[PDB]
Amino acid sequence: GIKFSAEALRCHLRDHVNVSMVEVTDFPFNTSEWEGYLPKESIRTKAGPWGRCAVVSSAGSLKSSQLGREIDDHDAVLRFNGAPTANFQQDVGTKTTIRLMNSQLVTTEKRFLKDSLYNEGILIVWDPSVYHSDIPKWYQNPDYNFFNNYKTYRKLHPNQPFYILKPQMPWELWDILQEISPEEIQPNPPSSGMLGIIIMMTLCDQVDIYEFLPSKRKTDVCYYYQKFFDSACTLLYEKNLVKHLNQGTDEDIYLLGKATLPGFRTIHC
């Protein structure tokens, strides 16, 4: 079991996980090849600070949840990868403030450069790095080399903020997951969902998280927008961390798939 209190764990996450994006001053993003591409204004100036926020998983258990009104009743909503709102608004809501994407999508999903769903809100892309690599080392061999499509998208949509997560952040979070669940942790980086939760805890006073802890609608359908099973649909310690930090009721998990986590601005350390 987790050895820290919820209060101590939030302080540990606040102090040990640096939620920051690559900046124009980080070599090699200050080379001529990168001139003008990265946002010059920090995400913290464009995103909040906010009072109440939602993180919406892409889970199949959002189908028929009718959570759309509950989700939209927030200052900001974070979604993942290519999760759509069109044709699903009654279940997942209408607005998208931040969209966190893995580098596999930006690199290999041709619809990223075509589909209008990406053009709303603030985009963040992240790429798994070697553990304890710095930015210049990671740059030399990204997991998925998304840089060309990043640049192409930036040119198509120059006024949409589009950030790159620093490579160190997922492994800083992994370190805390290991500290509290050492016998079970796997050497994969944290899920995008877990990263999105910590991102919103940095920008918001309260984070409502929908269908990360599964409700009564739990299902082996991977995505609420899935039409059938294919190669896209063939971890306990992340869910346990979120449960440990949850300030909401057990009924809200079962009925709404809803956890409620306080943001870092509001905690005392």
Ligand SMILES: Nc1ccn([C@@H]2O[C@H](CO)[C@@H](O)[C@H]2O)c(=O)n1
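Residue numbers count along the first chain shown, from 1. Only residues modelled in both forms are compared. We call the rigid core the largest set of C-alpha positions that still match within 1.5 Å between the two forms. What changes on going to the form solved in complex with the named molecule:
- The Cα shift for residue 27 between the two forms, taken after rigid core superposition, is smaller than 2 angstroms.
- Once both forms are overlaid on their core, the sole residue range between the two forms with Cα shifts reaching 2 Å in three or more consecutive positions is 227-234.
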Contents of the next structure:
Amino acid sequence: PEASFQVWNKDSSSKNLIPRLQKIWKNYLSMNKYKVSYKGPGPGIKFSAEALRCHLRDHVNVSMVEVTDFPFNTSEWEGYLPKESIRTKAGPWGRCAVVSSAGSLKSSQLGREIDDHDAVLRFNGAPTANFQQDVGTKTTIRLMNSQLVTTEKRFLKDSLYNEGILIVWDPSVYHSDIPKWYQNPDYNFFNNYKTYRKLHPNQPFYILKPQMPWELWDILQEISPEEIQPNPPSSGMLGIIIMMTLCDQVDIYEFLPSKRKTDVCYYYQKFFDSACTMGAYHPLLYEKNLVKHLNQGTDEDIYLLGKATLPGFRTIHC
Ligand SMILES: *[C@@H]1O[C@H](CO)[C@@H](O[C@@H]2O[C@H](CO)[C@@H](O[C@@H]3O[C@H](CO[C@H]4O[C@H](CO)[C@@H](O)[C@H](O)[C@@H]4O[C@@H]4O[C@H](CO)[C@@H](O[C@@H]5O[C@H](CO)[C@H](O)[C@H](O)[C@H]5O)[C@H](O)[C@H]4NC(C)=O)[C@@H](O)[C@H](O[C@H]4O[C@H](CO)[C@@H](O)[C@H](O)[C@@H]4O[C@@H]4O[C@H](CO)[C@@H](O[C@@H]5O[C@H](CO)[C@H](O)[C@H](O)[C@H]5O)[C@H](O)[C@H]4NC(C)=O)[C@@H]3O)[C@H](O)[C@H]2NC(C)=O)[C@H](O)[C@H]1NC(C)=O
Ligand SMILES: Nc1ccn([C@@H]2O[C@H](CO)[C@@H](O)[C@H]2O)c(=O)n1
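Taking the form solved without the named molecule as the starting point, write out the structure of the form solved in complex with the named molecule.
So here's everything in the complex, that chain up top.
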């Protein structure tokens, strides 16, 4: 007979959520922090995985702030941004993994498998020490939010960040261009970005353009059958899109949860929070519908391995 088990439900909505997280979702809708007014095609639209993958390649500009973008062409910013394009510095690569920071990675024994990709993406302060056998040992790209660069004093100190290519991103006002964003960043990380840059001139450190997270959000809101949190996508979703721009194959682990689904928010932290898996601030719930929708793997691969497989943009149709 055929096995019965549960993997992520592609049509997850707020009505599936715990009432606790339902109120939180509702409240973020209300305090429209980023002054979002969705004016696109309208809540709820169906795409084939082939078409949506191609609607994603075409309508999201994965690009980094360059020294041509005002005011990063001014004297104070001289020599601060990387000379070369990230695409020059990064691959293009063949096998790539995205390591989510979920607690569900604990005792998953993915460490060797994750190490067998040409390049590995991790987030924020997710550490390697003590976790090699569950998480891997290699860090090629690390995507971080601006809050960590602004406020985490460990960012300028801990030897871990000093591995691979770094990227910082910052939530802007909805549809804001670079100069408006620069004047009003969510966190003021510019000082610390500069200060790091002085410390490690050799290691490539990029700033994501503020437009990218909202371009991805538009598609989310357009897909979902209801209003999603008007806050940018999680680092995890942006990281998926990024690696898709740089890889043929992206294997993404414990984003879609395995059977090890747990309230433990992070593998390196000890505190419990269901919201880390299901979403509170980020529209994480709808991102996972998406990743589950584009998933080219089996449902068994999700149950056992927490593994989704999405193909990279380089290998797509029309
Ligand atoms: C992600 O990031 C993406 C990249 O940044 C981004 O994509 C960009 O989107 C923009 C839209 O938002 C889009 O902007 C348009 O740009 C047009 C010009 O582009 C050309 O120059 C830019 C320079 O930046 C370049 O990037 C682009 O590629 C174009 O270069 C051309 O490249 C061709 C390559 O294919 C090349 O052709 C090749 O040549 C080869 C030679 O061997 C070979 O032959 C190849 O086979 C051949 O293909 C070509 O030579 C070259 N051309 C040039 C000039 O360099 C603009 O035209 C356009 O502006 C118009 O539209 C906007 C609205 O969109 C209007 O506001 C604006 O006013 C313009 O409207 C025109 O207005 C004039 C004047 O009023 C009108 O003229 C009248 O016409 C009448 C009838 O004709 C009559 O004559 C009257 O007398 C005239 O007065 C005209 O009709 C109006 N047009 C229209 C349609 O109404 C616009 O700015 C940009 O191109 C995109 N970039 C890329 C790379 O795709 C993307 O948006 C980002 N994603 C997200 C989600 O944000
Ligand atoms: N329990 C968790 C914790 C985190 N995450 C994903 O991992 C990224 C890094 O924090 C987050 O941005 C999020 O995408 C997750 O899916 N589940």
